[PDB]
Structures are given as structure tokens and as C-alpha cells.
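Consider the single chain below, provided in C-alpha cells and representing the form deposited in one PDB entry.
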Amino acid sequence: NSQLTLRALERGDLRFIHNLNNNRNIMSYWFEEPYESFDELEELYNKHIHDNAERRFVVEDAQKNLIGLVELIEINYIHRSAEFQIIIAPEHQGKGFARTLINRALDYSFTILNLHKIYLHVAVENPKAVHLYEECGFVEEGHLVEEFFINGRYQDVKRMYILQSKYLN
């Protein structure tokens, strides 16, 4: 709903993020191996406290339930571009929060970091997310062929993208 907010990740939030980072199936559409020790994650978090090339956001409702995660990575201040990554948690999915949350990472990228472009990557075989993004104003700019090994085979992905004005206006 409108109650949904975003907030900078925090050390208190690191069990909730670990639990999602070890879920084979949540992690399956992020193209990332489900194996992170709470030691490795914790330490990767600390090493990156001051890395200005990312914003990692924890997603919350009103009753203070952690809904999921929005991430901006690969922020380049020269070309003004960033990669966006969203995970809604197992217990918070199929509830209709996607549109909202995706739209606050643009709101953020665009109304705060003054970015020129946000781009994502999405499995053609997760053809629910691609309609979600479309319906937010993202257009397809590449059919990456056999990019990422997911689940026993090489799987294709769509690079999608929305520009700053487009969102802002």
C-alpha cells in the first residue's frame, strides 16, 4: 500500500537479508549462488559501509515487518546509470506491492541521486517480472543469449531500462 517505505540497510537487518540470500529459489531469478555465510555477508556489508557505488535499502510496512529489499548497484556518476534489484520476501509476495516498491527506487534514483538511467536484468523464464517492469515504464534493450547458468542450463535474460525524464515527468 501507501504505508510501504524504504530505509538504508542496517546491521540489525542482516538475518532477514541472509535468510533471502540462502533461498535457492528467491536467489534463482537474481542469477546469484545461494551460499553466503552470515560471516561473509556481514563482512561484505562492513567492507562496503562507505562505498558510494551502492544503495542497499530495506523495505518495511507500518507494523515494522521487513517486506524485502531494493538495491541500487554499479552507480556511475559520469554516465549517470545504475542497476536495480528487487526481492520481495517469501511471506510478502503475490500481495501487489511490486509496482509500489519499484517506483520508489526510481523515485530515489531520479528524485535524489539525479541519475540519468536505471537498467535491470530479468530472466525471460521469470516472465511475470518483465511485465511488472514494463508496466512501470521499462523497455527492453537486449536479449542476452545464454548469459547466466541457472538450474542446470544457460538461460537468456532481458536488459531493460527507463530514463530519468521519462520517470520524473
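In this text, rigid core is short for the largest set of C-alphas that superpose within 1.5 Å between two forms. Residue numbers count along the first chain shown, from 1. First, how it differs from the form deposited in another entry.
- Of the residues checked (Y29, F110, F57, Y119), the rigid-core alignment between the two forms shows a Cα shift of at least 2 Å for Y29 alone.
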Contents of the next structure:
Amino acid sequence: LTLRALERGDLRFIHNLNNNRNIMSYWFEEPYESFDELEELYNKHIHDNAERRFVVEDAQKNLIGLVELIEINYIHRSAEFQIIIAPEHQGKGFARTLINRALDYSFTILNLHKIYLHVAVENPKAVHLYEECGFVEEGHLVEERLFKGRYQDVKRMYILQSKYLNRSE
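To test you: the structure above is the form deposited in one PDB entry. What is the structure of the form deposited in another entry?
Nothing else is written out below except the one chain.
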């Protein structure tokens, strides 16, 4: 598996990944639905550093998934992490490798201090995946985000740069 910076040609893949996520899609904190809306927003934020995205491909260049770093704050050296694996490739064992490649980039190239992510409390499976990748819960946000017209509680988990880089030393 390979992480490649997002290109214009990858926007179709991005649009298709939102097929039945049953939630409003956002591009640099701006909502969109159509492909033409997405392409206009991509042209607008092509140099915006607030968010960073990587397309995950395999040896045969099949589009496996998407790695996103959003809310990139260079003051506090923080960023939020989101990973989306295409439905067809969700049951193969790629999540852990992609989470670690994303953490390596965040902590070695972006030189960030802290990476955090949000997981729905009703999704306990994801909590253990991220716990097994080194993340630890730092918050249980009450009625944080709306899903299907009802407020949900969300867990916030984190991992620090010093731990990730010096874990085996």
C-alpha cells in the first residue's frame, strides 16, 4: 500500500466515497454534495494548508481509501485524523498500516506534536482499533455531533509525537 498526495484526478474517488455515508460532506469546512461543487472547492483551497489528504493505492494502483488530516493547527502543532476505506476493501486488514503511515507523516514531515481523532460511542469496534494503534481516550464529548437528526456522543482519542517516535527506544 502507498500513500499519495491528493490530485485533481482523485476527486471522482472522493465523491464516490460519500455515496451512502448519510452525512453532509465538507471540504475545508465548507459543505458540498455535487461533484461540480467539490471541484470548485478544490480549486479554491489547492494551497490551503489547513487540511491535507492522501489517496491510498495498492501495487496495481487500485484506489483503496483516503487519509485525511483536518483542523491542522500550526500554533499548537495539532491535527485531527480521519481514515476512509472503500467498502470493497474494508475487510482485508489495511486500517492499521494506514493509521501508522499517517502518524509517521504527521510526526516526521509535518513535525506535529499531537494527533487526535473522534469516534462515535456507538461504534466501539473503532475505539479498540485505534486503542491498538496507540491512541488513548482523552474525552467523552456529550451530544457533540448530529447524525440522522439526533445528537450523538463522541469519543476523542489522542497520540503524542514523543510516544510514537520513542516507543521502541
